[PDB]
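One chain is shown next in structure tokens, namely the form deposited without its partner chain.
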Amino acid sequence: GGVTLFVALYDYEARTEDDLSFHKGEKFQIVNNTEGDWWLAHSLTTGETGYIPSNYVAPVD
């Protein structure tokens, strides 16, 4: 029940236009995960939406 938030395991610097840069510990809601391993995500820190590499995050317990 409810949503699953994700937390960054490592810092990341974006290298392409629609990707987010983020810090370890930053939390996200996943907006879309049906297009491959880059997920469209919404940061709970910044309020921005953009792609993140899905192997940089883990589900929050």
The other form holds:
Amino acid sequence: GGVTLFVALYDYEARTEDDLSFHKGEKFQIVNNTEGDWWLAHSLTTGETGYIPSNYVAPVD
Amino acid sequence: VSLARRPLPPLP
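Okay, that was the form deposited without its partner chain. Show me the form solved in complex with its partner chain next.
Up next: the whole complex, starting with the chain shown before.
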């Protein structure tokens, strides 16, 4: 039951406002992951929604 | 490519 959250493994500085900038340890709920290897995510730190690179996050066990 | 399908950044 419930959801799986994801955590940033590394800092990332976005180059476009479509993408989130984030810091190691930030957590996200994934809004959509069905379109490719960048995923639409909702940061629990900033409340923002934007694309994140899937190789920079891992599921929180 | 759509936003989801752009190349990924290299790992640090």
